[PDB]
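Undergrad: Residues per chain are reported as follows:
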Amino acid sequence: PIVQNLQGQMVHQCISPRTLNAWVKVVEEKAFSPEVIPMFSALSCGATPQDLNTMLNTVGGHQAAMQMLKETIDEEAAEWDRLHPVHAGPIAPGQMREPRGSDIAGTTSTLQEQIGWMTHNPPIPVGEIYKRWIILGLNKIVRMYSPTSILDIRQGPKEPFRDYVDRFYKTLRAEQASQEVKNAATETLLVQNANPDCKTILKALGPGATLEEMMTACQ
Amino acid sequence: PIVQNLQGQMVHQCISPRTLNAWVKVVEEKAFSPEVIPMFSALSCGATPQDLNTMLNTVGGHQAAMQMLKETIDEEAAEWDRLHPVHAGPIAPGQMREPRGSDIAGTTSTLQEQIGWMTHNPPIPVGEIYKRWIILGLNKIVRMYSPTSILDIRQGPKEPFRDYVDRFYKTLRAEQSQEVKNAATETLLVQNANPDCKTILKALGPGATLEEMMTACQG
Amino acid sequence: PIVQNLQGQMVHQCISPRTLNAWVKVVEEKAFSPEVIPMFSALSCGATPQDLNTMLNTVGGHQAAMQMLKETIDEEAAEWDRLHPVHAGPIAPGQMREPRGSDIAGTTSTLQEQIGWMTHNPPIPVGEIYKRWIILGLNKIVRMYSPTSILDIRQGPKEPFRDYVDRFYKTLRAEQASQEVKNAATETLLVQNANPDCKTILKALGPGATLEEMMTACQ
Amino acid sequence: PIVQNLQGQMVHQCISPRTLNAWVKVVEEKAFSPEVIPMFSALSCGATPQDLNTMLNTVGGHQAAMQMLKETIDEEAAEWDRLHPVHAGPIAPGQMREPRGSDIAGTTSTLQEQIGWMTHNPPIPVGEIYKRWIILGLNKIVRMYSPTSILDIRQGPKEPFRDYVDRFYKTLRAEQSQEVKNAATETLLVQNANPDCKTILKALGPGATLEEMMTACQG
Amino acid sequence: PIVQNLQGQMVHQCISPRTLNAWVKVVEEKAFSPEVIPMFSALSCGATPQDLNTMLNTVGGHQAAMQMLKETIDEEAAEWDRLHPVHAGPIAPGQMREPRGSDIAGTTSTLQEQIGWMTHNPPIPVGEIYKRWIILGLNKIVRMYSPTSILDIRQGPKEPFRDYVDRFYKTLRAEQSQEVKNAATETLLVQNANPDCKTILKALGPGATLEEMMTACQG
Amino acid sequence: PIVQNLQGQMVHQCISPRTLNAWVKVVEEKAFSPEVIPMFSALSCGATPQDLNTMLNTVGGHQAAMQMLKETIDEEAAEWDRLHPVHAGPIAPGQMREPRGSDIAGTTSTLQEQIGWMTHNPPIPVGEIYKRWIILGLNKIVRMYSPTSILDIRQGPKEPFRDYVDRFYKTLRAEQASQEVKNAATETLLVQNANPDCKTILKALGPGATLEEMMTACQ
Ligand SMILES: CC(C)(C#Cc1ccc(-c2ccc(Cl)c3c(NS(C)(=O)=O)nn(CC(F)(F)F)c23)c([C@H](Cc2cc(F)cc(F)c2)NC(=O)Cn2nc(C(F)(F)F)c3c2C(F)(F)[C@@H]2C[C@H]32)n1)S(C)(=O)=O
Ligand SMILES: CC(C)(C#Cc1ccc(-c2ccc(Cl)c3c(NS(C)(=O)=O)nn(CC(F)(F)F)c23)c([C@H](Cc2cc(F)cc(F)c2)NC(=O)Cn2nc(C(F)(F)F)c3c2C(F)(F)[C@@H]2C[C@H]32)n1)S(C)(=O)=O
Ligand SMILES: CC(C)(C#Cc1ccc(-c2ccc(Cl)c3c(NS(C)(=O)=O)nn(CC(F)(F)F)c23)c([C@H](Cc2cc(F)cc(F)c2)NC(=O)Cn2nc(C(F)(F)F)c3c2C(F)(F)[C@@H]2C[C@H]32)n1)S(C)(=O)=O
Ligand SMILES: CC(C)(C#Cc1ccc(-c2ccc(Cl)c3c(NS(C)(=O)=O)nn(CC(F)(F)F)c23)c([C@H](Cc2cc(F)cc(F)c2)NC(=O)Cn2nc(C(F)(F)F)c3c2C(F)(F)[C@@H]2C[C@H]32)n1)S(C)(=O)=O
Ligand SMILES: CC(C)(C#Cc1ccc(-c2ccc(Cl)c3c(NS(C)(=O)=O)nn(CC(F)(F)F)c23)c([C@H](Cc2cc(F)cc(F)c2)NC(=O)Cn2nc(C(F)(F)F)c3c2C(F)(F)[C@@H]2C[C@H]32)n1)S(C)(=O)=O
Ligand SMILES: CC(C)(C#Cc1ccc(-c2ccc(Cl)c3c(NS(C)(=O)=O)nn(CC(F)(F)F)c23)c([C@H](Cc2cc(F)cc(F)c2)NC(=O)Cn2nc(C(F)(F)F)c3c2C(F)(F)[C@@H]2C[C@H]32)n1)S(C)(=O)=O
Ligand SMILES: [Cl-]
Ligand SMILES: [Cl-]
Ligand SMILES: [Cl-]
Ligand SMILES: [Cl-]
Ligand SMILES: [Cl-]
Ligand SMILES: [Cl-]
Ligand SMILES: [Cl-]
Ligand SMILES: [Cl-]
Ligand SMILES: [Cl-]
Ligand SMILES: [Cl-]
Ligand SMILES: [Cl-]
Ligand SMILES: [Cl-]
Ligand SMILES: [Cl-]
Ligand SMILES: [Cl-]
Ligand SMILES: [Cl-]
Ligand SMILES: [Cl-]
Ligand SMILES: [Cl-]
Ligand SMILES: [Cl-]
Ligand SMILES: [Cl-]
Ligand SMILES: [Cl-]
Ligand SMILES: [Cl-]
Ligand SMILES: [Cl-]
Ligand SMILES: [Cl-]
Ligand SMILES: [Cl-]
Ligand SMILES: [Cl-]
Ligand SMILES: [Cl-]
Ligand SMILES: [Cl-]
Ligand SMILES: [Cl-]
Ligand SMILES: [Cl-]
Ligand SMILES: [Cl-]
Ligand SMILES: [Cl-]
Ligand SMILES: [Cl-]
Ligand SMILES: [Cl-]
Ligand SMILES: [Cl-]
Ligand SMILES: [Cl-]
Ligand SMILES: [Cl-]
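Going line by line, the protein sequences match chains Z, Y, F, S, V and B. Numbering-wise, the first sequence is residues 1 to 219 according to our numbering. Numbering-wise, the second sequence is residues 1 to 219 according to our numbering. Numbering-wise, the third sequence is residues 1 to 219 according to our numbering. Numbering-wise, the fourth sequence is residues 1 to 219 according to our numbering. Numbering-wise, the fifth sequence is residues 1 to 219 according to our numbering. Numbering-wise, the sixth sequence is residues 1 to 219 according to our numbering.
Hints are computed from structural coordinates only; laboratory data are not their basis. Any given hint could be a false lead.
[To be verified] Subject to a maximum C-alpha distance of 27 Å in a straight line, what follows is the list of computed DSS-like cross-link-like pairs (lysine-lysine):
1. S/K25 / B/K25
2. S/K25 / Z/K140
3. F/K25 / V/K25
4. F/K70 / Y/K140
5. B/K203 / B/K140
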């Protein structure tokens, strides 16, 4: 990663063994459950493109997912290059070449060029741009590896309301879109797919009931 | 988090893999037992709103509770917005715009703006405001997910007094101000002791410490 | 905690995850065995009142003991306030208000006021004063949760002398008073409650025998 | 390793016990699965040749592979020596002699000469040259120790498409440029799908993403 | 402990949770095997008397040994006091009073006075004096708690010579100067070998190394 | 160990608990397998003689090996003293006495004298000299505790060539001499002790076949 020293300079630091192990283990145990995204973002804080490639390369298995990840990165790299055409010309003494999509992804850039971009003034944060592409890709994998659709979450006749809301939002969280789309899913399904006893109780509460009030009413 | 370095400057640091793992593990093993609140507050020392969102997003399961958490944040955010009316105007070079409710929660603010506020002179502790909203929300979850009421905690005829007082205060801590929690001790606590110990505790008279009550019902 | 930076200034540091886990685990495994006191004192090195409250709040179970702890803190807080009456008046630019008992315990003080007291010149060590109250309380719990009295430690007819001295001093250590009181207990009971074979051997050694000599003589 | 301290100077540091243990454990559990290469590269960040030799020497077993590693280092070292003819002459007070192939591998160079080269102005990154030779050698071991060929990876008649693509790319990663690895996807991958999914994938037509192919053979 | 920081100043640091845990665990698993002494000396590097008392107080069980430890400290403390007669007089602003025996053990000295002595110019290493008394006491415990005498360690008729020499020196290390420990080797070691190996070792003659003796009784 | 601070000064640091545990555990699990040597060298990076004695003293068991280690150290100490006769005379204000063999081994030197030697300008690296003696001794133990001779490594009639080369070089690695002696062992035995099928294949390859080519030919 790139961290600040006590001189105020952004300097390269080696990825720690603890960081490597934490990412390998979380994929091993949690696969592509939705909480893999925040874990990857936090463990990759300040990462260079080399570090991000290191983390993803240490993943054993799920190679189908990892190949989908490269294809996502490619489309975003192609989009970056079409929005940022590089201008030919000698690079000045105190300057860095402009990065391509392949440079952000680390396939045509050295770690020293990545450090130069990320510690420039102003910085060009190729690590954070790459991370955005990867997380975009990981969001697709989470949505694809989600077993259940939101339309199949129906409260059982003896199922506690808390367990049903647990399943509802767990399923909704794996299908990542905008929250405009997830507020619409709740208003459409959460009360309507409650069991007949709890459904009649919540209809009387009205659309303005908070979830805390809804969960108290079907206790 | 934003911590002070070895020279006296407030700097951003990445959340450590140990901090991430410790919070995930505590929710896994302890759910929303009352001791989850101090663990979250301590593990989030100096956290930015991004860090707090990271910690909350790494929680697997309990998505109904986490959704109640979201609803609580909204009410407090709306209260914050109603107490801090917006002032339109260009933000000056040196200073920073005033944060809205959605900015404290980190949903409409970048990490650099959160760092900018916290290292301002004087600091606007958006991380601590967000943390307070979260703990307010987590406190509600502990109360809702508490299985037993304090009025149902009563000492068995052969149960040692220590075990009953253990159950009593464990339940009371889950049942959340001291206006009536102070009230449960010494008035409900004696009433639900078994007849053998209850007769002993009348003889002790008012003003007995819990150490005196526990000594008196040892045998 | 409050630690020194390289500038010579006492600055606040976040309580580490390792410190939190160590205290939670030691209570889990050792309950209120006497070695819980030194572990708590060492793990709370440099703690603020907030940190001390954090540690105690993370304890799961033993809520009867924890309530006895608050009552001890209250008496010591009441004693502090009666020995340190606060003098009303505006606090000067370069000064701190005088702390109440409730301020030392952290119920009416912010963490910033605790930092101000502890890093003042000269410092008013509210964290170390609070720690003294807590450890005073923990000493009472260890004495109360001790199963055996010193008068019941008698050497068995086939029990090795080392095992008996182990039990003797383990029991004596849980009943914490002054060592004047513990030297008196040894001179009163250690030889007199030895088995008849070892007792006659040690009587000949006389009162001036070291324990190493006593343990060698009954090998 | 040679890392930058908190002030901006490149200093030698001892390899940490965690780094040593992490590398030993990864070889123990993963042998020469493809993900061993990124783990070794990351754990050896900033390594001197002595550090790289330390890591390789701590490997227990797989001594045939480790001997193949030695032979690879020799060929690259001999290539290095053939591209860098020796210049005889007294080495000047300030500067350092040119490193031979055996010097990069650390067999004829002391640790202080390796530090001297790496902190030179400009640096001669002997640690990174050695690391590159090692990874070149480790890449050969992964290919030789890969049990299955990509031409033998074919989808079963009842095997889910995700599991087959998982096996496909796991094998391809073990079978080492993208000149023909790009070729295996989309041409060999469709051919070895089962007849049910194979018929579906013809209908998708050329240019289908892997996400589209995996969605189309879900059911 | 008192350690040197990154700038060259001797500063007090809190004993780490890992140091506390490591010492507790080593006593739990190894008791007073001889290797407990080096572990305690190394884990207490730079310790203050308070730190040494902390480590000793965290030991659970073995309270008879710990009491023998207390008696040893008293004898050495009394010897220290007899060699350092007290000088009455007001202590000067800059300097510190001379420490008594009870001050080195930390029972009548505060932690700040122990820090003051150790950072004095020249230092009075009260922590190292206390540590030496403790190790003197712990050495006695290892001898008393050693089950077997070196005179009872003899090679079996079918026991491999390596295993017998292993038992021999393990016992000798437990049986504590080299005045007669040097004596046990080469004179008692040959005498207690079995007749087959014993006959071989006479033929080797005086001056054989242990490597030569172990090679000669391999078969 | 002796590490560099940020002032550029070589200063003493306490041996870490992690370093102590790592060395104890690696001996426990791996005994004197050849990889114990690099682990000991890396874990003892920058060690003083006191630290090296600490590490070796923490080893439980294998006391026969540890006694052979002292005898090796003695011969090397005697050789050092006969090559470096000390010159009598008062030591100057800014100087250190010359170290004996017993001073390098730490039996007649204080830790402060070891720090003085190791941080002198120029340094006299008693820690690295001692380490050379210890590793010389550990090499002898590895050779002695090796069960199998290189002449007994013969490929089985159904044994895969990789497994045979594994055994061959594992055995050769435990008998440490020069690589001139180990190149001679390979050319003498590796092909000649292959099974008749693989032997005839490799004879046709000729003496110039790399191991990678040899292992491919007997797949
Ligand atoms: C990527 C990254 C940089 C980031 C970020 C990031 C940024 C902001 C916010 C956030 C914070 C507070 C509020 Cl009040 C809202 C809001 N208020 S709202 C009602 O929509 O209008 N919205 N947000 C997101 C916004 F603004 F982006 F929309 C938020 C989140 C929350 C964090 C959070 C998690 C939690 F458990 C409980 C909380 F109180 C807050 N995370 C999510 O909400 C994800 N989630 N999704 C759904 C579902 F789909 F089921 F509905 C569900 C969640 C859920 F909250 F977990 C919970 C079960 C429900 N994260 S990171 C740190 O991962 O690296
Ligand atoms: C989490 C966080 C945000 C914080 C904080 C926080 C802040 C202040 C205080 C506190 C300090 C001193 C006093 Cl004298 C009182 C007081 N005296 S009184 C008579 O009420 O007026 N009260 N308090 C709480 C105050 F201030 F909130 F009111 C306090 C606590 C105590 C600390 C504590 C914990 C403990 F285990 C044992 C102790 F001896 C002291 N913790 C609690 O009390 C929690 N608790 N709750 C209840 C219940 F409700 F069931 F009865 C019960 C407890 C209990 F004490 F454990 C015990 C069984 C009874 N913690 S943090 C720093 O980790 O981030
Ligand atoms: C003590 C210390 C300070 C050091 C060092 C140290 C210094 C240099 C080198 C080294 C590096 C590269 C080459 Cl190309 C040669 C070479 N080329 S060669 C063909 O001989 O001409 N030689 N060397 C040693 C030289 F120069 F000293 F001879 C080397 C080693 C190798 C490290 C290594 C290990 C490995 F697994 C694979 C590698 F690619 C490199 N370690 C050894 O080789 C030990 N070993 N022994 C034998 C056997 F006996 F079976 F043959 C075998 C090995 C083996 F390699 F493991 C492998 C199975 C074969 N270590 S430390 C770090 O431990 O603290
Ligand atoms: C180890 C180290 C030295 C390094 C590096 C390193 C360097 C660059 C790149 C890389 C980055 C971006 C793109 Cl867009 C491409 C590209 N796009 S493409 C169409 O080929 O032209 N290719 N690459 C590799 C390049 F550059 F080498 F060609 C890349 C990688 C990727 C990172 C990655 C890993 C991952 F898991 C999932 C991802 F989405 C991305 N890792 C690999 O690709 C390894 N891999 N191999 C094959 C195989 F051969 F089987 F098909 C397969 C992979 C796979 F991706 F995992 C996936 C199943 C397919 N890593 S390090 C920094 O740790 O020390
Ligand atoms: C709270 C805190 C800040 C502190 C401190 C603290 C301060 C000083 C001392 C101490 C040191 C040396 C001597 Cl010679 C005496 C002494 N000489 S004497 C004979 O009395 O005249 N006295 N002391 C205490 C003094 F001075 F306070 F009295 C001491 C202790 C000892 C530490 C110790 C433990 C140990 F195992 C072996 C040792 F050699 C020293 N701890 C105790 O002794 C507690 N203990 N109690 C009893 C019993 F009740 F059974 F008798 C028993 C012990 C016991 F020692 F463990 C052992 C089985 C016997 N600790 S902390 C670090 O916990 O956070
Ligand atoms: C704990 C601490 C305070 C310290 C220190 C400490 C200080 C010095 C020395 C030492 C160093 C060099 C020599 Cl050449 C001799 C010597 N040569 S000699 C012929 O006697 O004259 N003697 N010594 C001890 C000295 F100086 F004390 F005399 C030494 C040791 C050795 C180091 C060592 C350990 C080891 F495992 C293997 C080694 F090769 C060397 N450790 C011991 O010897 C302990 N030991 N005891 C006996 C017994 F009594 F059973 F025979 C036995 C050992 C043994 F060696 F292990 C082996 C089976 C025999 N350690 S610390 C720094 O951790 O805080
Ligand atoms: Cl780490
Ligand atoms: Cl790790
Ligand atoms: Cl996996
Ligand atoms: Cl890269
Ligand atoms: Cl790659
Ligand atoms: Cl893989
Ligand atoms: Cl960490
Ligand atoms: Cl971790
Ligand atoms: Cl955010
Ligand atoms: Cl989100
Ligand atoms: Cl989830
Ligand atoms: Cl404000
Ligand atoms: Cl930590
Ligand atoms: Cl932890
Ligand atoms: Cl518990
Ligand atoms: Cl507080
Ligand atoms: Cl509270
Ligand atoms: Cl509880
Ligand atoms: Cl470490
Ligand atoms: Cl480790
Ligand atoms: Cl080397
Ligand atoms: Cl070697
Ligand atoms: Cl091996
Ligand atoms: Cl070069
Ligand atoms: Cl720690
Ligand atoms: Cl720990
Ligand atoms: Cl003390
Ligand atoms: Cl005590
Ligand atoms: Cl005890
Ligand atoms: Cl002195
Ligand atoms: Cl450590
Ligand atoms: Cl450890
Ligand atoms: Cl062992
Ligand atoms: Cl020493
Ligand atoms: Cl010794
Ligand atoms: Cl031993």
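Undergrad: Against each hint, give a clear statement of whether it holds in the structure.
TA: Status of each hint after checking the structure:
1. Taken as a hint, the S/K25 and B/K25 pair is honoured in the structure, with Cα atoms around 13 Å apart against an allowance of 27 Å.
2. Only pairs whose Cα atoms come within 27 Å are accepted, and S/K25 paired with Z/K140 is rejected, the gap being roughly 33 Å.
3. Of the supplied pair hints, the one linking F/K25 and V/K25 holds, its CA atoms being roughly 13 Å apart against a limit of 27 Å.
4. Pair hint F/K70 plus Y/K140 holds up; C-alpha atoms about 24 Å apart against a cutoff of 27 Å.
5. With a C-alpha separation of about 35 Å, the suggested pair B/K203 and B/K140 falls outside the 27 Å cut-off, and the hint is violated.
Of the numbered hints given earlier, the model fails hints 2, 5; all others are met.
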